[PDB]
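Undergrad: Residue-level listing of the chains:
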Amino acid sequence: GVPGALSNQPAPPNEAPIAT
Amino acid sequence: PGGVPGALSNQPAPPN
Amino acid sequence: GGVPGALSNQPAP
Amino acid sequence: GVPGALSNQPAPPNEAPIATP
Amino acid sequence: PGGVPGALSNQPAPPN
Amino acid sequence: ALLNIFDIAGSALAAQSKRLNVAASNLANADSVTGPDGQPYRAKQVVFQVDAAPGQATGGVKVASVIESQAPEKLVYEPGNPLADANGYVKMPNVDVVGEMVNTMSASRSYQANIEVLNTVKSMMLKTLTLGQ
Amino acid sequence: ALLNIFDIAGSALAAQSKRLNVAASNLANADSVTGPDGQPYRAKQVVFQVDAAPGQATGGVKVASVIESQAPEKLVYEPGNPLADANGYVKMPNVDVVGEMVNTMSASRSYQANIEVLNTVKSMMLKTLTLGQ
Amino acid sequence: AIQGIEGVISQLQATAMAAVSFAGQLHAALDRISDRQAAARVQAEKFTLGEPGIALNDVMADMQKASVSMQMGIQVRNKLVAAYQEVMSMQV
Amino acid sequence: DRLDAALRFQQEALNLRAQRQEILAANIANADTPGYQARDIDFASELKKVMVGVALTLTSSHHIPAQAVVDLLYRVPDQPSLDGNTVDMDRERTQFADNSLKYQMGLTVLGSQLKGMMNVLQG
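Chains as they are written, first to last, in the authors' numbering: chain BI, 311 to 330; chain BH, 309 to 324; chain BG, 310 to 322; chain BQ, 311 to 331; chain BP, 309 to 324; chain BA, 2 to 134; chain BF, 2 to 134; chain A5, 3 to 21, 32 to 104; chain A0, 3 to 54, 62 to 78, 83 to 136.
Hints listed in this document are in silico derivations from the structure and should not be mistaken for laboratory results. Incorrect hints may appear among the rest.
[What the hints assert, rightly or not] In the BS3-like style, the derived pairs of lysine-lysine whose C-alpha atoms are separated by at most 30 Å in a straight line are:
{"no.": "1", "chain 1": "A5", "residue 1": "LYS91", "chain 2": "BA", "residue 2": "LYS128"}
{"no.": "2", "chain 1": "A5", "residue 1": "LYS91", "chain 2": "BA", "residue 2": "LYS63"}
{"no.": "3", "chain 1": "BF", "residue 1": "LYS63", "chain 2": "BF", "residue 2": "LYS123"}
{"no.": "4", "chain 1": "BF", "residue 1": "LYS63", "chain 2": "BF", "residue 2": "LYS45"}
{"no.": "5", "chain 1": "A0", "residue 1": "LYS128", "chain 2": "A0", "residue 2": "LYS51"}
{"no.": "6", "chain 1": "BA", "residue 1": "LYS63", "chain 2": "BF", "residue 2": "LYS123"}
{"no.": "7", "chain 1": "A5", "residue 1": "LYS91", "chain 2": "BF", "residue 2": "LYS123"}
{"no.": "8", "chain 1": "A0", "residue 1": "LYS50", "chain 2": "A5", "residue 2": "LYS91"}
{"no.": "9", "chain 1": "BA", "residue 1": "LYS75", "chain 2": "BF", "residue 2": "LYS128"}
{"no.": "10", "chain 1": "BF", "residue 1": "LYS19", "chain 2": "BA", "residue 2": "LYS45"}
{"no.": "11", "chain 1": "BF", "residue 1": "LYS92", "chain 2": "BA", "residue 2": "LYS45"}
{"no.": "12", "chain 1": "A0", "residue 1": "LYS50", "chain 2": "BA", "residue 2": "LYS128"}
{"no.": "13", "chain 1": "BA", "residue 1": "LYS128", "chain 2": "BF", "residue 2": "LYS45"}
{"no.": "14", "chain 1": "BA", "residue 1": "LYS75", "chain 2": "BF", "residue 2": "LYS45"}
{"no.": "15", "chain 1": "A5", "residue 1": "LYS77", "chain 2": "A5", "residue 2": "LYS91"}
{"no.": "16", "chain 1": "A0", "residue 1": "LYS50", "chain 2": "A0", "residue 2": "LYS128"}
{"no.": "17", "chain 1": "BA", "residue 1": "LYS63", "chain 2": "BF", "residue 2": "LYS128"}
{"no.": "18", "chain 1": "BA", "residue 1": "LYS92", "chain 2": "BF", "residue 2": "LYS63"}
{"no.": "19", "chain 1": "BA", "residue 1": "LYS92", "chain 2": "BF", "residue 2": "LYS45"}
{"no.": "20", "chain 1": "BF", "residue 1": "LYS123", "chain 2": "BF", "residue 2": "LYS92"}
{"no.": "21", "chain 1": "BF", "residue 1": "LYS45", "chain 2": "BF", "residue 2": "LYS19"}
{"no.": "22", "chain 1": "BA", "residue 1": "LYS75", "chain 2": "BF", "residue 2": "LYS63"}
{"no.": "23", "chain 1": "BF", "residue 1": "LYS45", "chain 2": "BF", "residue 2": "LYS92"}
{"no.": "24", "chain 1": "BA", "residue 1": "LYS45", "chain 2": "BA", "residue 2": "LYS92"}
{"no.": "25", "chain 1": "BF", "residue 1": "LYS19", "chain 2": "BA", "residue 2": "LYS92"}
{"no.": "26", "chain 1": "BF", "residue 1": "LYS92", "chain 2": "BF", "residue 2": "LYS19"}
{"no.": "27", "chain 1": "BA", "residue 1": "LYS75", "chain 2": "BA", "residue 2": "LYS45"}
{"no.": "28", "chain 1": "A5", "residue 1": "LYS91", "chain 2": "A0", "residue 2": "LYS51"}
{"no.": "29", "chain 1": "BF", "residue 1": "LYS92", "chain 2": "BF", "residue 2": "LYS75"}
{"no.": "30", "chain 1": "BF", "residue 1": "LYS63", "chain 2": "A0", "residue 2": "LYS128"}
{"no.": "31", "chain 1": "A5", "residue 1": "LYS77", "chain 2": "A5", "residue 2": "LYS58"}
{"no.": "32", "chain 1": "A5", "residue 1": "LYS91", "chain 2": "BF", "residue 2": "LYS128"}
{"no.": "33", "chain 1": "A5", "residue 1": "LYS77", "chain 2": "BA", "residue 2": "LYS63"}
{"no.": "34", "chain 1": "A0", "residue 1": "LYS50", "chain 2": "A5", "residue 2": "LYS58"}
[As the list claims (entries may be wrong)] Simulated restraints, written as ranges between beta carbons of each label pair:
{"no.": "35", "chain 1": "BQ", "residue 1": "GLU325", "chain 2": "BF", "residue 2": "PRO83", "range": "44 to 54 Å"}
{"no.": "36", "chain 1": "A0", "residue 1": "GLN23", "chain 2": "BF", "residue 2": "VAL34", "range": "41 to 51 Å"}
{"no.": "37", "chain 1": "BA", "residue 1": "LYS128", "chain 2": "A0", "residue 2": "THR66", "range": "15 to 25 Å"}
{"no.": "38", "chain 1": "BA", "residue 1": "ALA85", "chain 2": "BH", "residue 2": "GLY310", "range": "33 to 43 Å"}
{"no.": "39", "chain 1": "BH", "residue 1": "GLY310", "chain 2": "BQ", "residue 2": "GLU325", "range": "57 to 67 Å"}
C-beta atoms are modelled at their ideal positions from N, C-alpha and C, and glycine is treated no differently.
One chain only, chain BI, in its complex shape:
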């Protein structure tokens, strides 16, 4: 999706792990 546009579905929770 284009940033700044509108979508009816929420963005997924983002995570930043240290080790895969």
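Use these hints to put chains BH, BG, BQ, BP, BA, BF, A5 and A0 onto chain BI, whose structure you have.
TA: Then chains BH, BG, BQ, BP, BA, BF, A5 and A0, alone, in the frame of chain BI:
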């Protein structure tokens, strides 16, 4: 569910 | 409540 | 009592002798 | 009747 | 429904003031060793939640509770200080000074943004009151 | 009286000033043999407590009292001194040099950090009052 | 009055047998606006007093709300007076 | 006058803030005077006292009208100086900044009340 704003929730947290 | 605001008068009266 | 409070009495003079009187 | 400020009045001297 | 902005921004201002106060309290006690109960000072932090009652779409922000920060207590080897441990490990607060300074700056900026919101909203309410006149 | 942030940061400034004063007095009396009465100078310590006015929520820093350190007084063999004991060891203060310089640096940096916190809050304080007018 | 209480019991008998207004609404609005203004003023005086727990944020926001309510009352009065003048200008 | 009663509290608070501001600045200015005690006023009690007189009677035109004409508390010293000066820089600097802020707040509140009384009348 909110949480602690600022430094604590923007530093890389422990894995578990 | 438990925490007074920064812009409040000294909790100590 | 607490440093920075308000009292109706002036503080005693601040003397610091060099030897015991 | 305040006296000299600063150095002279902040040094230990015997009373006279 | 521009009146609800008053409540939203006022709640946001109060919450940011509480957060700034907690951060400043943590910063001012970074060097403390003792509490009123003798316990070491534990760094504390607020919790932000959406101030929405069940069934309310979007509200302001509210401080749920104040919680002790999760970090190891800073151990200092001073077995001469009257307060000590079994092995002389004085426990000092876990305050991260950089984090507290950044938190103070962020709280101030968010506070000012909410003030601007309130100001422009009041201007609009006055202009609406001057609708037909 | 004071606003909560003002009281907290001002208490922090006063506490750091007291700690710096104790460090300076110790550094001055590092080589003192006697006091005004005939007893060796004892290194002073300042104990920081959290002035938690509410229940466990926040609070600035207060200083209960200045304690006298309990460490082995330095013994120097000078039997000719009138203050020498039966064995002849005059008592020199237990003031360590490195610790006091580190304390001075730490007190200065805490003082400056609290000053920066007050300076940051101040603009938000003055900008709050424009909300009504 | 004794006769006033007689009239009260008479109206109660009337209710037994049988078995808010624009001025009232305007009075209610004026009372609400004045009560809001007095509450904001009292909180401001309490803050100026130094009593704990009162935050400057709440004081300033409540003063803002009181000012908005006063302006609303002023506009309503202005229109109402204009409408009354318009009605009284009608030629019969 | 009823107009005075509405604006009495804020005017007295503003005047008391100005007086305490002068006292704090006097404490700052005399920081180096040896033997000077740091003085201050308790704002709330004096505000009560001011908030809580008899103009002499003028029988004719020549008669001259009546001609008009706070308590200072010592600050508890924190550190003992050698010259007897008990003025502490940090404490009174914070108090000075706070008094400035409260003076601005009182000005804001009084101006808002006067502006409301004005827009009630304008028309």
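Undergrad: For every hint, state whether the structure bears it out.
TA: Each hint tested on the structure:
1. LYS91 (chain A5) <-> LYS128 (chain BA): Status holds; Cα separation ~16 Å.
2. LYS91 (chain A5) <-> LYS63 (chain BA): violated (40 Å)
3. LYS63 (chain BF) <-> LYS123 (chain BF): holds (23 Å)
4. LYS63 (chain BF) <-> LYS45 (chain BF): Given pair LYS63 (chain BF), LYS45 (chain BF) holds - Cα atoms ~17 Å apart, limit 30 Å.
5. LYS128 (chain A0) <-> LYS51 (chain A0): With Cα atoms ~28 Å apart, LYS128 (chain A0) and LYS51 (chain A0) stay inside 30 Å; holds.
6. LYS63 (chain BA) <-> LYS123 (chain BF): holds (24 Å)
7. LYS91 (chain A5) <-> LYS123 (chain BF): violated (44 Å)
8. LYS50 (chain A0) <-> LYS91 (chain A5): violated (43 Å)
9. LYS75 (chain BA) <-> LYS128 (chain BF): violated (38 Å)
10. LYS19 (chain BF) <-> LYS45 (chain BA): This hinted pair holds, its Cα atoms lying about 25 Å apart.
11. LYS92 (chain BF) <-> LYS45 (chain BA): violated (45 Å)
12. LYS50 (chain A0) <-> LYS128 (chain BA): violated (40 Å)
13. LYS128 (chain BA) <-> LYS45 (chain BF): Violated, at roughly 66 Å.
14. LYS75 (chain BA) <-> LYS45 (chain BF): OK: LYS75 (chain BA) and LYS45 (chain BF) at ~23 Å, within 30 Å.
15. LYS77 (chain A5) <-> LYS91 (chain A5): At roughly 21 Å apart (the allowed maximum being 30 Å), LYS91 (chain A5) and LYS77 (chain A5) satisfy the hint.
16. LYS50 (chain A0) <-> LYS128 (chain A0): holds (26 Å)
17. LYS63 (chain BA) <-> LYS128 (chain BF): holds (22 Å)
18. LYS92 (chain BA) <-> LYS63 (chain BF): holds (18 Å)
19. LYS92 (chain BA) <-> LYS45 (chain BF): Judged against 30 Å, a Cα distance of about 21 Å means the pair holds.
20. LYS123 (chain BF) <-> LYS92 (chain BF): violated (50 Å)
21. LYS45 (chain BF) <-> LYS19 (chain BF): holds (11 Å)
22. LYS75 (chain BA) <-> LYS63 (chain BF): Given pair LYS75 (chain BA), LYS63 (chain BF) holds - Cα atoms ~21 Å apart, limit 30 Å.
23. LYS45 (chain BF) <-> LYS92 (chain BF): holds (16 Å)
24. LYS45 (chain BA) <-> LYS92 (chain BA): holds (16 Å)
25. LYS19 (chain BF) <-> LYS92 (chain BA): Cα-Cα ~22 Å, so holds.
26. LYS92 (chain BF) <-> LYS19 (chain BF): holds (26 Å)
27. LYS75 (chain BA) <-> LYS45 (chain BA): holds (15 Å)
28. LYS91 (chain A5) <-> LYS51 (chain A0): violated (45 Å)
29. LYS92 (chain BF) <-> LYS75 (chain BF): Distance ~6 Å between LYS92 (chain BF) and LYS75 (chain BF) Cα, so the pair holds.
30. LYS63 (chain BF) <-> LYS128 (chain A0): Violated, because 44 Å separates the two Cα atoms, which is more than 30 Å.
31. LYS77 (chain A5) <-> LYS58 (chain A5): Given that 30 Å is the threshold and the Cα spacing comes to 18 Å, the pair holds.
32. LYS91 (chain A5) <-> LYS128 (chain BF): Not satisfied, since the Cα-Cα distance of roughly 36 Å exceeds 30 Å.
33. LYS77 (chain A5) <-> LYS63 (chain BA): Holds. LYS77 (chain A5) to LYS63 (chain BA) sits at ~20 Å (cutoff 30 Å).
34. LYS50 (chain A0) <-> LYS58 (chain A5): Given pair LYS50 (chain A0), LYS58 (chain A5) holds - Cα atoms ~12 Å apart, limit 30 Å.
35. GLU325 (chain BQ) <-> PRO83 (chain BF): 44 to 54 Å: At roughly 25 Å between Cβ atoms, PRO83 (chain BF) and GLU325 (chain BQ) fall outside 44 to 54 Å, so the hint is violated.
36. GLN23 (chain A0) <-> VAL34 (chain BF): 41 to 51 Å: Holds, since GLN23 (chain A0) and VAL34 (chain BF) (Cβ atoms, about 49 Å apart) stay within the stated range.
37. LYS128 (chain BA) <-> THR66 (chain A0): 15 to 25 Å: violated (55 Å)
38. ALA85 (chain BA) <-> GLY310 (chain BH): 33 to 43 Å: With Cβ atoms ~39 Å apart, the hint holds.
39. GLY310 (chain BH) <-> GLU325 (chain BQ): 57 to 67 Å: Given about 59 Å between the Cβ atoms, the range holds.
Violated hints for the displayed structure, listed by number in ascending order: 2, 7, 8, 9, 11, 12, 13, 20, 28, 30, 32, 35 and 37.
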